[PDB]
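Up next, chain A:
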Amino acid sequence: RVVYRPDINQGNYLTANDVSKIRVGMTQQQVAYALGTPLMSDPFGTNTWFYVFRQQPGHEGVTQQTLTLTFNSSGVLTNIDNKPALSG
Partner candidate 1 sequence: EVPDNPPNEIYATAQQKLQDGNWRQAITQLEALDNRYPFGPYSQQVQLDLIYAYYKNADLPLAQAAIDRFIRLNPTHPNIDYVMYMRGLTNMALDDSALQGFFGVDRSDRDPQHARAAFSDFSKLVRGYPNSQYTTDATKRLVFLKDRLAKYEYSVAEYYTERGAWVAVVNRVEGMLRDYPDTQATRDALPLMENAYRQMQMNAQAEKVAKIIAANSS
Partner candidate 2 sequence: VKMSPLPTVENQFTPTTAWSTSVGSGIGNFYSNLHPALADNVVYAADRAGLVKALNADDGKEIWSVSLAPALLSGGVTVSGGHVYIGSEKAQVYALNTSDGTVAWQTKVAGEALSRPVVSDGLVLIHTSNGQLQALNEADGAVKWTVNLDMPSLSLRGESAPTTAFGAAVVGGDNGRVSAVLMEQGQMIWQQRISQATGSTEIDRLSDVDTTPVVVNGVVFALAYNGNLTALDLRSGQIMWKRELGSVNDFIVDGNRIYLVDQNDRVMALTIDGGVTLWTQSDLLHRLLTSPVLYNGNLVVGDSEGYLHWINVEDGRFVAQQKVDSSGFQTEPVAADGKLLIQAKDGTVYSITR
Partner candidate 3 sequence: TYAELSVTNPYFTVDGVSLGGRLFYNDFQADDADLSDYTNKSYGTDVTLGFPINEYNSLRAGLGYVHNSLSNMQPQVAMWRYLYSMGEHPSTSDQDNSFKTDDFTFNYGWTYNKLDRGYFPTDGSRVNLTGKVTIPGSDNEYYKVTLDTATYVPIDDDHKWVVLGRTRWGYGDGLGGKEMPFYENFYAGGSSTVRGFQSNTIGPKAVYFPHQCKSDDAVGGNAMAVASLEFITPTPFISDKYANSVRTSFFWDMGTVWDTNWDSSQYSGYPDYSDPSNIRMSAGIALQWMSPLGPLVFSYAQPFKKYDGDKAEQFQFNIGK
C-alpha cells in the first residue's frame, strides 16, 4: 500500500467558482460555453450531461464532484443535481 502509482485524474475540471455559472433556463449551447464540453453524455435516449471531477493521487483518498444536469428536448436547462462528495 506504498508501491507508487501515478495520479488518476478524470473528467471535466469543475471548480467552486465556475459551478455557480450554472443557473436554470440557460440554453444548452451556452451551458457548453459556461462549463466547457461534457466528457460524458447519456447515450440512452435522453439529453443529460454528466460532468464529473475526479482525482485519485497516489494512494490518498479518492475525491470526486459529480454534477448532473438535465435538458428537456430542444435543449433548455431544467435542473441541477450537485453531489459535492463521493458516496462515502
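Quick note on the criterion: contacts are C-beta pairs under 8 Å (C-beta built on N, C-alpha and C of every residue); 3 or more make two chains touch, one makes a residue touch a chain; residues count from 1.
How these were chosen: all candidates are chains of the complex that A comes from, given by their letters.
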Chain A in this complex: which of 1, 2 or 3 touches it?
1
Spell out the residues on chain A that touch candidate 1 in their complex, using ranges where they run on.
8, 10-11, 39-40, 42-44, 50, 52, 54, 56, 64, 66, 68, 86-87
